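Position chains B, C, D, E, F, G and H relative to chain A; hints supplied.
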Amino acid sequence: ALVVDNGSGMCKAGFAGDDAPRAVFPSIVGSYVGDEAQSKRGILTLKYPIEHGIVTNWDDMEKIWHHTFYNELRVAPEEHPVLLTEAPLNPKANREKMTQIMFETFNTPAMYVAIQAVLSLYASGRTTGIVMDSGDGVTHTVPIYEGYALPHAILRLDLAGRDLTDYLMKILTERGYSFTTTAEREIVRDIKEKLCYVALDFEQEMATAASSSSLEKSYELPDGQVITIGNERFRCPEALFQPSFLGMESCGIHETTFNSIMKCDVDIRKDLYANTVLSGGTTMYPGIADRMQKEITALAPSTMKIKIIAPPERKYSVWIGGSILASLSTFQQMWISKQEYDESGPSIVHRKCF
Amino acid sequence: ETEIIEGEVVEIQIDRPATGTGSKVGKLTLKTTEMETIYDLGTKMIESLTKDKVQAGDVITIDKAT
Amino acid sequence: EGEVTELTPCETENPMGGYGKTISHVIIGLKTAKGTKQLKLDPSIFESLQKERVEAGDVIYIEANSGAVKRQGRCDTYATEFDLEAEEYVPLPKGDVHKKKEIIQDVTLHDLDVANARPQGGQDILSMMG
Amino acid sequence: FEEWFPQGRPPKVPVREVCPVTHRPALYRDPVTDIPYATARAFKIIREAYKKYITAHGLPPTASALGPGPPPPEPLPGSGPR
Amino acid sequence: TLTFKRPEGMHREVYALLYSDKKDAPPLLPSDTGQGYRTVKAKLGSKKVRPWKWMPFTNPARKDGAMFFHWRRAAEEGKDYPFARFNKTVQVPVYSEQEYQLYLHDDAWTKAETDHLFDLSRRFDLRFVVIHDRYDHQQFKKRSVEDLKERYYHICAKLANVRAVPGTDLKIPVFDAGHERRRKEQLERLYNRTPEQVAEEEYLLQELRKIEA
Amino acid sequence: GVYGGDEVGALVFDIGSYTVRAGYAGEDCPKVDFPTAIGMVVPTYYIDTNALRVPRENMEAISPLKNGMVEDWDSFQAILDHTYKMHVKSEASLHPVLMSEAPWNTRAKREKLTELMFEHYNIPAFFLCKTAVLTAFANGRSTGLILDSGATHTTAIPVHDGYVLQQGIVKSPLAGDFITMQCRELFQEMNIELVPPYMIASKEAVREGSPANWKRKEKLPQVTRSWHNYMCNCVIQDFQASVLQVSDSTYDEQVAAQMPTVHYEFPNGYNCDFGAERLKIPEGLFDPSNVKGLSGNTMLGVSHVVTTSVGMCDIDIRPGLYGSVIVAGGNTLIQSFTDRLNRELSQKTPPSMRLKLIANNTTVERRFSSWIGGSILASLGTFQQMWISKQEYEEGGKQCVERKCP
Amino acid sequence: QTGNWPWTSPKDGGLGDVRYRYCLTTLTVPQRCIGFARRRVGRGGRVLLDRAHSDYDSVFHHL
Amino acid sequence: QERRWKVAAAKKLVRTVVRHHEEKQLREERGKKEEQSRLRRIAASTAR
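Residue numbers (UniProt numbering), protein chains in the order written: chain A, 7 to 36, 52 to 375; chain B, 134 to 199; chain C, 132 to 261; chain D, 274 to 355; chain E, 44 to 256; chain F, 4 to 45, 66 to 429; chain G, 419 to 481; chain H, 828 to 875.
Rather than coming from a laboratory, the hints here were simulated on the basis of the structure.
Hints should not be assumed to be uniformly reliable.
In silico DSS-like pairs for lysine-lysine, Cα to Cα no more than 25 Å straight-line [said to hold, decoys possible]: (1) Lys851(H) with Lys285(D); (2) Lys113(A) with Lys112(F); (3) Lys65(E) with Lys379(F); (4) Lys162(C) with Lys182(C); (5) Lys238(F) with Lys326(A); (6) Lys379(F) with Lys66(E).
One chain only, chain A, in its complex shape:
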C-alpha cells in the first residue's frame, strides 16, 4: 500500500509499514516535475497546484501524481492501494475530484483520504489532543477528541515557512546582504533551516545580541563568500509568535492554539492542554517547544498541566501516521473499492472517509 502526503511545499511518498518516506521532492511542475523543474526553470515557468494546502489546478496535480508513481516510486498505481492526505477544512469538491482522478485516470484498485492532523496524532500515539501543523504554505490548529477532528474548532493561520523565508530575505537585505532572486531564495532557506532558532525570551535575547557577539554565527555561500548572522537567527522565527513583524493583523500560533482549545467543550480541554503536539517542517526550529509551553502556560489556567509534544521526526509525522494506518488489519475494511466508486460515484469518499 502506498502513502502519498502531497503537502503544500513537498510531496512525501512511500510504502505503508516503512518507518520513513522513500521519496521526497518539491510539489512543483514546469512538463518537468520536482527537481527536474527546479533545475530547469530557465526553460519552463514554474507552478504550484497547491496553494496553502488547497489544490487549485488539477491538471498539474495529475502530473505530480504521475511523477510520484512512475518516476519516484517506480510502481504501477493499478496494483497498490493509495492513501492520500488533505488539508483540514478542504472543500468537499476537492475530495470528489481526487477520488475521480485516482479511480479513472490511474485506475487504482482502492483508495482512502485522511486528515493530516489526525495522522500526526496517530504518529504521536495519542487518542485525544490538539495538533499544530505548520507546513510551507499554511498553518492549522486541529483539536481531536477520540480520533474525531472537531471541525468547528479548527482555525487556519495564513503564516508558514515561505513567509519566514521572505522575512529573512528582508532583514538580511536590511543588514546589507542582497537576496532577491529565486536562486538566492534556496540559499536563504538553507540559512533558515541551519541557523535559526526560537528564543525563550525575545527581549532579553535582543539585548544580549545588542551587547555582545556571543550569539553570532558565520555562514558560507555557494560562491565562497562568507557572511555573519546576528539577531536575525531569532527575529525570523519570532514572526510565528508576532505576525506583526510580517505586517499581518493576526494572532500568533500560541494564541491560535489557545483559541482553538477554547472553542471546544469544557470537559475535554484538560486533555488538549496535556497533548498539544507539534507537526510540520516549520516547527523544527530549536526552542519552539519550550516557548510554546511558556506562552500557553501564561494564557491557560494554573490548574491545567501543559505538555508540548515535539518528536524529532515531526516533519514527517503525517506520513508516518499514514504508514501506520494503512498497515493495520482493522483499517482494511475502510478502503474505498473500485466497485464502490463505479456504483456510487465520487461522493463515496464522503460516505467512507473520516
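Same frame as chain A, now just chains B, C, D, E, F, G and H:
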C-alpha cells in the same frame, strides 16, 4: 455422484529431501484431448505413483477429497 | 474447538532453581465461527501437541477432563479450488468455541453382551485372524 | 526451545482467482505455463493468446483479444495479467 | 438462504426513527476489502470503472428551465430527472366570475375572501391549520375555527362538481361543520380541566372498573 | 426508477447573533463557526477571532443583527464577503445558497436579502427557510414544538407539516445575554474585578479569594468601551459554560448550599469556589418572578412559554406538539436544563397527552440544528424544484420569495 | 390507550410501521447474531444495517 | 447514523493505533531482556 479428475500425465517434478513436508512437495501435469493443466501435490500420494510405476503418457484418474 | 492461531508459549525463566528457560503455560487461541478466545493451558499438553502434529491454521479437538488433543484437519479457508488431499480440508466449525455436548444413545443388553464378548482390538493378531 | 515452539503466521486466505476470459471462479489450475482458466474455450483463447507475446514485442497481445467476454456492466481491461 | 429472526420464544421488538438509544451500536456499512486487498486483487484488477461527470440537468418539474449540476455517469446525460415524477399537485377547483354567481357569497363571504382561501388552499395543499395560520384575518375579519373555511371550501367544491358533471351524487364531501365544532369544543373543555377534575374522572372510572368486575 | 438524495453543490448559511455557521450541503456539521460580532474602524471591518481579538485603536465592536433580523447591511455584506473569500474559498456565481432566517422576519428584509444575494453576489439560485423548520428537519420531524434558547431570545415555535405556525410563537428575552448580565451583577456584588486576557502580560498563581498578581501590558493602544465589554463578555461566557448548573427541582437555598462547590480561575489568576449562586442565577429562566431588579412579574418561564405556545395552537395538533418538543440553542446546554424542563412540562402537560422531549443534548446538535436541517433539505432531490432561480428573480423581481419561500 | 407516532412506538402505544422496526438478524459470514437491526438504504445506493441496544445483547451473543 | 458510525470508527482506529504503539515497546523490552538472560546463561555455562 462421481467427482473425479481424469487425464493423461505429461510431466512430473517432485523435490528431494529438504526436512519436514518439503521433502515430498511436487507438481503433476495432466492433459486431455482439448486441455492440459498442472496440479500441485499433497506430499503423501507420491509413494502410490512410484508403487504403480507412473509413466509419461499413461492414463490415470483420482477422486476429489480422497 | 476451532482454528488454532497462536501456538504461543508463556515464560517465567526459572522453576525456582538452576534453569534454562521455563514456560509455565502454553497460550492456545481458538476461533471457529462465533468469536475468538485464548486459553492458557497446562504446559504438559505440549508433548501431546506435537504428537498430533498441529500447526497454525489447523483445527483441533480438546476434551476438558483429560486435556487430550486431537487434530481434525485444517480449515476450508486454505481450500476452495485447492483440493487434492486425503486428510480433507475439513470446514471451519460452526458455533461457539466452547461447547458442552450431551449424547444420548439407545442400546440393548444383548448388544453389550455381544460387544464385550469379543476381542475387538485391532492391534492383536487374533482380532484380524477373526 | 524453538524447534518445540516454531509458532506460525500463515496467510489466512488465498487470492480468489478469476478467469481472464468470461470471468467466474478459476477451475483446474494454470496450464503448463501462464495463468488459470474456467473453461476449455477460455483455455483455447489463452493458447491462441501468448503466441502474440513470445516474440517479446508487437501489438497489445490482450486488448480485447479474441472476444474475451466483452459485455461491460463494468468495463473490462485486456486479458494480460501475466 | 439468509436468515432474520422474529421468535415466539423470546417475544420482543423495538422501534425508533433515528436510533433507539445513545448506547446503540453504530450501523454496519458494506465493504469489499474487509478480508484484505490481496484476497480480492484479481477481482478488482479485472475490471475498469465507468466514468462519472459533473454535468447539467433539467426538468425537476420547473417552469423556468434552469439547469443545475450534479454527479451522474457520463452515459446518462440526456435522461430526464427522476424526481420530477414526485411533482403531484392537489386538485383544487377553479372558477370564473360568471360561475361564482351560483357559488353565491351567502352575504357573509366575498369574492376576494373566496379567492384568498382558494389561493392558500392551492399553495399549502389543503392543510387547513396552516391556511388558518396564514389567513389574512385583518383584511377579511377573524373567520377562524378552521371549520368555517373547511365548510365553504367543501360547499364550493360540491357545487362545482354538481355543475360540471352531467349527473352524479356525492357523499363524503358533505362536510358537517357543527359536528367538528362540537368535537373540538369538547376536546378544549377536557384540555383546560384542572388536575383535580382529572383525578375525579380517574376515581369514577376506577369505581366503574371495580364494581363492574 | 429513482435514486435517493441528490447533491447539487449548494452552500448553507445560518447566521445568528452569537456566531456565523456556514458550510457545504451534504455535510453533517458546519465547516466554519466564527463570531458574528465584528470590528469596525472609521469603513474597514475585521472579522473572525484571529483579527477580532487583536487590540486596535478606535475600533468599535458591533453586530449586524437586531432582534434576530439584519439591520446593518454593510456589516452583513462584509461578513458574507469574508465567508466567501477566506472560508468557502470559491466563486459565488457557481453555488446555490440556502439561508436560514428568523421565524418572525419581516417581508422587507427578505426582499432586501434576496436582492442582495442575486444582484451583488450573482448567485445562480437561492432559497430561504426558517430556523424552526430546519431544526425539526435535523431530527427527522415534520411536526413539533421548537424551543430555541439562544443569546437574545428564548422562543417557542410550533411547526406542522414543515411550516411555522406564526400565530403560536411566544418570545421571551430571558436567554444567554440575560445570564451574562446576571453574572456581571454577581461579580460586582462579589467585588471581583474582571480583567480580560488582552490586558494581561503575565500572571502568578494565588490562593482562593486572594488578590490577583499580574502585570499589565505597557504597549497597549487605547481601545473603545464596546470592544472592552465584548472581551469581558467572552470571559463571562466561559464562566457560564463552566460553572452554572440548573437546579433539578425548585431552588431552595439550604439545599443548594449543601451541594459541592465548583472552582473557577479568571484570566488574571483570581480564583474562588462558587456555591449556591451558580444555581440561583439560571433559576431566573424558569421562575423570573424572584429575580432582583427585574421589571415586573409579567414575564414567563421556559415551561410556561412552551405551554402558552402549545395552548395558542389548534387543539388537533397539540398532541403532535407535546409529543415532539425539540430543544435547541446554546443556552440550553447549561447543566440539567433539559431535565428540569422535562420535569416541569410533565407536571403541567395534561395526563391524556404524552410528553416526549427529543434526545439532542450535544453542543453540535443543539447549536447547529438549523444548519444541519438546511444541509438535509438542500441534499434532497425532491427539493431541487423549490430553488428560486436567477431567471425567476429577473422575471418576477424580489417579490417571488414570498410565493416560493413561505 | 393514548396514541403515538408511527416510530419510536410499537403496537403497545402506536402504529408499528415495520420499516422502523428492528429485529434479530444473522449474517452469512460467520459473525453470529448481531442483535436487533433494520435494513436501510443510505446515500449512494448503499444498503446498511442499523442496530439497537438491548440489555440482553450479551445473551443474544452466545445464545 | 453516518455521524455515529464516523465517531465510533475514529475511536476504534485511535485505540488500535495506541495498542500498536504499546505492543512494540513490550516486544522490544522483552527481546532485550531475553538477550540479557541468554547472556546470563552462556556466561555461566563456561563456569559450569
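Hints and how they fare:
1. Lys851(H) with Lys285(D): 23 Å, holds
2. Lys113(A) with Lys112(F): 11 Å, holds
3. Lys65(E) with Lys379(F): This hinted pair holds, its Cα atoms lying about 16 Å apart.
4. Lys162(C) with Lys182(C): Holds, at roughly 22 Å.
5. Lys238(F) with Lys326(A): Given pair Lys238(F), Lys326(A) holds - Cα atoms ~22 Å apart, limit 25 Å.
6. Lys379(F) with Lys66(E): 19 Å, holds
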